[PDB]
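Chemist: Could you build all of it, start to finish, from the sequences and the hints given here?
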Amino acid sequence: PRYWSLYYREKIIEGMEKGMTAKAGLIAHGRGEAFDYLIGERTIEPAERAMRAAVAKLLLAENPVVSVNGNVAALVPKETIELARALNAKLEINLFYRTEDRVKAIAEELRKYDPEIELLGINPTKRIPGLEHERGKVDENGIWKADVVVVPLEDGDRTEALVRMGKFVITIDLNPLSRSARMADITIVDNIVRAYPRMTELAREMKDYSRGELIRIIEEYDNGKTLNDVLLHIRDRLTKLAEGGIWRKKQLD
Amino acid sequence: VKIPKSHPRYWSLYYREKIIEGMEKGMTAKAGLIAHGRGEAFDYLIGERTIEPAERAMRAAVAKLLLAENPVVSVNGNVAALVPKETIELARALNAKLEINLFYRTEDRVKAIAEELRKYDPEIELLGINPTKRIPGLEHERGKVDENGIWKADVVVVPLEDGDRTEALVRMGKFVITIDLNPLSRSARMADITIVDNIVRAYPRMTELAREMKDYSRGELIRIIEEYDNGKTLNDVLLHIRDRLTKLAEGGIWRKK
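Heads up: the protein sequence lines correspond to chains A and B, in order. Numbered per full-length UniProt numbering, the first sequence finishes at 261, counting up by one with no gaps. Numbered per full-length UniProt numbering, the second sequence finishes at 258, counting up by one with no gaps.
The hints are simulated quantities; they were obtained by calculation from the structure and are not laboratory data. Any given hint might turn out to be false.
Unchecked claim - Residues on chain B that point at chain A, a partial pick, calculated with CB under 8 Å: (1) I21; (2) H37; (3) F43; (4) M191; (5) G252; (6) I254; (7) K257.
Said to hold, decoys possible - One side of the interface only, derived from the structure: several residues of chain B facing chain A at Cβ under 8 Å: (8) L14; (9) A42; (10) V201.
Virtual Cβ for every residue (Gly too), placed ideally from N, Cα, C.
Modeler: This is the structure in structure tokens:
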């Protein structure tokens with residue numbers, strides 16, 4: 009019982025056995041775990057704040073798209089489908105190490121929980137400026153024409169590149185200091201396996217809100233202060249751990 | 002080498018590639034990849050250098066190892082991928098035994114690791130090739146050890162450990178020294194001495210320390226060991242990371258650097 013930790017470690021490993029998740033993704037997974045260790049492996053209020061504002065924004069969007077990559081496929085294939093259908097958003101396979109067989113692998117896995125979901129990014133024809141070609145392809149009907157994109161667990165440069173295309177970008181990422189984290193319009197600092205079920209629940213509830221109330225939430229949100237507050241949470245936590253001592257303690261907190 | 006020498010992240014990126022190659026010679030496990038990522042993030046926070054709490058642990062550890070009856074250095078697939086030569090140098094400097102000791106064992110993995118170490122020392126005695134004995138409390142048999150190494154050991158160095166094994170060895174009465182960038186891991190909290198530093202730095206440094214401290218009297222070594230407090234060292238590491246966060250932040254974080 010670090011059961012959930014070890015559970016998702018296996019998912020990301022099987023993730024790669026099945027051809028969905030690159031070697032780099034396994035490394036990126038551990039980087040997340042490290043900041044999860046620092047946060048306390050739970051959903052903190054600043055991440056709840058950011059998830060509120062995100063779901064509001066995504067509910068008001070005209071052309072919302074949630075991006076899926078190798079890590080997402082391995083960890084939350086079911087929940088990424090729920091979240092999109094809750095938001096009425098399109099779903100676009102979108103990854104850096106693009107391979108035909110890796111898309112297929114992700115397509116199928118997604119089809120395992122919904123064999124009749126529409127998947128963009130199978131044969132993208134457009135591409136974002138300022139990247140590569142293999143890192144840069146997007147779908148004519150998804151990200152290309154999106155107003156709001158969710159890019160989870162992402163490499164820094166694509167987030168910035170989407171923002172300079174005038175996309176409003178929402179990210180889920182455990183690293184609050186990543187390039188991607190720094191550049192996004194809304195940064196949810198939380199483990200995706202908590203964030204996506206939570207955003208799915210928020211979407212179903214917040215649909216009941218007025219347009220006006222959703223716009224107020226969106227307009228009040230301050231991502232700068234939110235990222236500050238995530239750091240401050242971590243500091244205060246380290247201060248308190250250190251004051252109490254951790255050596256030979258079975259569990260922390 | 003896909004990146005240039007001027008790169009401000011050169012070594013980090015260098016070692017990322019070593020751990021990949023490692024996996025595809027059958028040395029490093031997939032979980033060892035995830036371990037490496039955990040290491041990157043913590044190294045970045047720490048400053049990608051050997052911090053003073055780390056140095057202080059390494060002195061104490063080198064003293065304890067030099068005074069040990071049966072010291073053993075454990076090797077896994079991450080070690081073999083990143084610091085094969087240095088780990089043999091460290092063992093030789095300490096006169097410690099080298100034992101292969103993995104979570105996901107595999108004569109194939111064990112053989113790749115053994116072969117890699119020989120590249121650097123053909124004559125090297127390696128333990129844990131065919132290990133009989135076992136650690137009380139582990140799965141197993143990821144609690145399997147060699148009867149002439151860790152079974153016999155009073156002091157063991159375990160790099161980048163899984164949590165359960167460190168605690169289990171301690172409950173055996175083994176004095177356990179770990180090298181682990183994650184001060185919040187269960188293993189890092191349960192070790193007797195916890196060196197929070199990248200193995201790529203820690204091993205060469207522990208080698209230099211052993212080469213110096215070989216000339217220390219017993220009295221001197223014992224004074225180093227007796228003064229050492231692993232609790233204050235861990236606390237100090239946490240506070241260092243804290244202070245590094247309130248420096249990487251300042252300016253504000255959002256947009257962008």
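Chemist: Hints first: check each against the structure and report whether it holds.
Modeler: How the hints compare with the structure:
The closest approach between the C-beta of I21 (chain B) and any C-beta of chain A is roughly 6 Å, which is under the 8 Å cut-off, so the hint is satisfied. A least Cβ separation of about 6 Å between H37 (chain B) and chain A falls short of the 8 Å threshold, and the interface hint therefore holds. Checking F43 (chain B) against chain A by beta carbon gives a least distance of about 5 Å; that is within 8 Å, so the hint holds. The restraint placing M191 (chain B) at the interface with chain A holds, with a minimum CB-CB distance near 6 Å, inside the 8 Å limit.
Interface restraint check for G252 (chain B): the shortest CB-CB distance to chain A comes to about 11 Å, outside 8 Å, so the restraint is violated. With 8 Å as the threshold, the beta carbon of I254 (chain B) comes within range of chain A, its nearest partner Cβ sitting at about 5 Å, so the hint holds. Residue-level restraint check for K257 (chain B) holds (minimum Cβ-Cβ distance to chain A is 5 Å; threshold 8 Å). Restraint check, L14 (chain B) versus chain A: the minimum CB separation of about 11 Å is more than 8 Å; hint violated.
Among the interface hints, the one on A42 (chain B) holds; its C-beta lies about 4 Å from the nearest C-beta in chain A, closer than the 8 Å criterion. Taken as an interface hint, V201 (chain B) does not check out: its beta carbon lies about 15 Å from the nearest beta carbon of chain A, beyond 8 Å.
In summary, the numbered hints that this structure violates are 5, 8 and 10.
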